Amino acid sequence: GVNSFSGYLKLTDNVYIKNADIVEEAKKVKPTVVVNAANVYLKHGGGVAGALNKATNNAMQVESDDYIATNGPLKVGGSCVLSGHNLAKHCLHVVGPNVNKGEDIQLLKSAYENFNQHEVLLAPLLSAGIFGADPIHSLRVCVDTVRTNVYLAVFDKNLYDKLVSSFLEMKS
């Protein structure tokens, strides 16, 4: 059935983490909500966005282009709910700050706040990829902001191992 999450480490009651490829995990879990690491015009190139879109055979991009034509661009820190196509029931497209490009890291909390409208989500860490936020900081903001249940997928083994070990050094 849907939301078949298993094999995660519970960091807090709210936040779970796994070393996984989010696309493969979405196919296995059938989440009601997968989070995309989006940008304001929903141009899904590269990173998680490109990978999710490719796995939908570009259906996500076609739908996103229609969303933009009928709603305009998002703002940094904002989100929209669109179809999850074959990957999920819905995709929550969330725009975290691109700090390598001179967007304010302080907007990361507002980006995570979008998760609080959904009871269960499969998600990447926000503002990682080529966006430039320190992943441990992104995880901290996630833990301190999200109040539903988020299942985080971290691709690289070394980063996963570090996030766990570094997170466990912080005050509980």
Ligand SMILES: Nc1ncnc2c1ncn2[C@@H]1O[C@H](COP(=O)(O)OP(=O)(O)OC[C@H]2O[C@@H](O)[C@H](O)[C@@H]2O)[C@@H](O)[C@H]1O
Second form
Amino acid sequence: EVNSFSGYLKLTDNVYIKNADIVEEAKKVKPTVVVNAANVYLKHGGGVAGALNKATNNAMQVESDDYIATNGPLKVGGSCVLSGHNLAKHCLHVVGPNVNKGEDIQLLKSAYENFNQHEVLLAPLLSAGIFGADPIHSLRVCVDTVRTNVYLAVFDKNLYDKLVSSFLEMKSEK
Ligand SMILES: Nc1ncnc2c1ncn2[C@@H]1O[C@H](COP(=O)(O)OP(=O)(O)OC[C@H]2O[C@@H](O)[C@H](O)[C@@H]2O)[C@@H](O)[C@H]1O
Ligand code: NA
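Form deposited without this ligand already given; the form solved in complex with this ligand follows:
Following is the full complex, with the preceding chain placed first.
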């Protein structure tokens, strides 16, 4: 039974959020697509990318190395679909801007646009961790950009509560 999401809070007609770890969710939900928050060389570091890769026993990194050897690096805001291995049917690797290095935060719109090629996705908040974007800003861009069904896994309970509170204020406009 694929895409068996449960316990999400509905934010908009197509964006849902849950205080959960993205790997544990993938194991529970068996999603068609899980989203990786990637860099342009698909060298999977210490955030979601490392978590997903470790859960595939490094199969994600070997596949990514093979992709890069054939195709070269991605562009910021770009994506590629590879295997989801034991976690999902497919993994959508998306490159958000690295705001810590001064890349353009507006490319987060381009990054989330990639979600619109998939009916339903399990995803993290792009650029909001190692890449240093404000998590509330990443959620705002997600809500304004994605039209397909996005289930957001936010593992930190304090961040989750902060995101919901900030989302409500922006939506009500006070
Ligand atoms: N296991 C997890 N489950 C859910 N959310 C998570 C998890 N780990 C981190 N997060 C949260 O998801 C958001 C995404 O953070 P990152 O994974 O660091 O993604 P990003 O900010 O885009 O940085 C990308 C960079 O990090 C490396 O892992 C990756 O190879 C790339 O270079 C952050 O809010 C982070 O706290
Ligand atoms: Na929750």
